[PDB]
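Presented below is the structure to which this report refers.
Complex shown without one protein chain; remaining protein chains in place.
By letter and in written order, the chains are A, B and C; residue numbering begins at 1 in each of them.
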Amino acid sequence: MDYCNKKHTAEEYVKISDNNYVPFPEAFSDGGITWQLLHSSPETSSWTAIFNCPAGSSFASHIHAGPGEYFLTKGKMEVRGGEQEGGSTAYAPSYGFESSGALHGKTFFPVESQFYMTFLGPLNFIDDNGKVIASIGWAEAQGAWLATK
Amino acid sequence: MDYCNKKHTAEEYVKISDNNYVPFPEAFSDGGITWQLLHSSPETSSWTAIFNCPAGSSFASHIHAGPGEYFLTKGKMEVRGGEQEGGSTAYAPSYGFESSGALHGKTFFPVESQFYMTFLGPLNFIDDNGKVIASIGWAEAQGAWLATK
Amino acid sequence: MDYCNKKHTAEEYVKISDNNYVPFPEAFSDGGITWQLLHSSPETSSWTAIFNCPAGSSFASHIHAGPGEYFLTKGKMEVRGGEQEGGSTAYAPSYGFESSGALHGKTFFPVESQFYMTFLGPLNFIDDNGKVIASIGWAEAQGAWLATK
Partner (left out) sequence: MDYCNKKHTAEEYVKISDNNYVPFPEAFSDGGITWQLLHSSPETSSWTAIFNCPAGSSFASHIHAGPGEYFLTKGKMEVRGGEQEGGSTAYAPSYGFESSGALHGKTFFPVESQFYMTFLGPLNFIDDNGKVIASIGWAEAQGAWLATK
């Protein structure tokens, strides 16, 4: 009924160890992709993670509901079809801004790579007809991360 | 490629006139709900709108992907089942913060009401088996607004 | 050093009573402006409030660090100098989007007014030479609110 007093949000520190990477859900990827969830902002709805991708691996088709920013630290990544199809081809080290609405039918890694990314909102994985089969946000990502970890 | 130079985003002013309220899609509501899209932030993925709701009207079942804030200027609104079912019943004038993940089965207006609201991210409308039949973000809302208007 | 588990953020409901409006700080306004702080998002850094402005009142000079959106429910408001000086003159009911960087030397109310507003980030109040004398965000706003009521 009344204004809710708030306290300063706690700062966080997460050491990234090779030992903590786990298999990324097979339902949403191809190839032995592994990852780590690094942070969730339940109030903002943003989340951050890091990924290791083998040569020839990819992610299932999805649309970004909000802006996402990536930092490719190792390898090469083809987004939105790669440069050969009007999209972008990233070489490490590099950065990218993938806006709200960005369609990623098959983000592909031709070489063993690694990339860090922050997402605002969910990733809507779609079927061959463009219908949403699953809306994956911080909560769904955290559920999967802890279910495997 | 290279860093993209940016300029100051333009400020906006929108007069709210009775003449511009249009019928809200029948697929996602019941009763003669009318509305007006006021602003869309394509970079942030946030959007803002105002609604006029007849007595007995409601919205179809949906989940808030991100935080949303409402200012009920007139009437009464039963959110998350209303006070009688553990949720809240807003009485004008009042404010509300509905967080990311909030499930709104049938937001109901017992009396003729009006409310202003800002949304971060999309509203995922679901069927009786939990499946997301439509992810409505700034882009989808603008499309429905301009198509009807 | 490890990932921090998060839980769904709590929803909020705030009844706005005429009895809870208190005097806005005299150092940052002129005339007899009264207000109420409605919500703070310590994680996002956004905050929301509502103001009652007497005829002839105004706010001290400031720059918006981030985007702010207002809903003028009563009266008239001159922002950025008003229409007569390249800015905007708002008439109730109306909406407005004031972007990051917006300079508000003396937001003025020629007539008794009222407006609701959401802010992302702080408002940097500046002196006549443009030097920042106070950066007011959700924390500073909550501090002033709890100290007066």
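In this text, a contact is a pair of C-beta atoms (placed from the backbone, for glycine too) under 8 Å apart; a residue touches a chain by one contact, two chains touch by 3 or more.
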item: Identified contact with the non-displayed chain, of B:31, B:42 or B:81; value: B:42
item: Full-complex contact with the absent chain, from C:75, C:105 or C:121; value: C:121
item: Sole residue of A:23, A:56 or A:93 that reaches the chain not shown, by the stated touch rule; value: A:93
item: Hidden partner interface residues of chain C, rising order; value: 42-45, 63, 65-67, 88, 99-101, 120-122, 124, 132-135, 137-139
item: On chain A, residues whose C-beta touches the chain left out of the figure; value: 8-16, 38-39, 41, 44, 48, 50, 67, 69, 71, 73, 79-80, 88, 90-91, 93-102, 116, 118
item: Absent chain, residues of chain B that touch it; value: 1-10, 12-15, 20, 36-44, 138-139, 142, 145-146
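Note that in this section only the chains that are shown with their structure count from here on.
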item: Between chain B and chain A, distance of the C-alpha-averaged centres to the nearest whole Å; value: 27
item: Shared-contact residues (touching 2 or more other chains) in chain B; value: 44, 67, 99-101
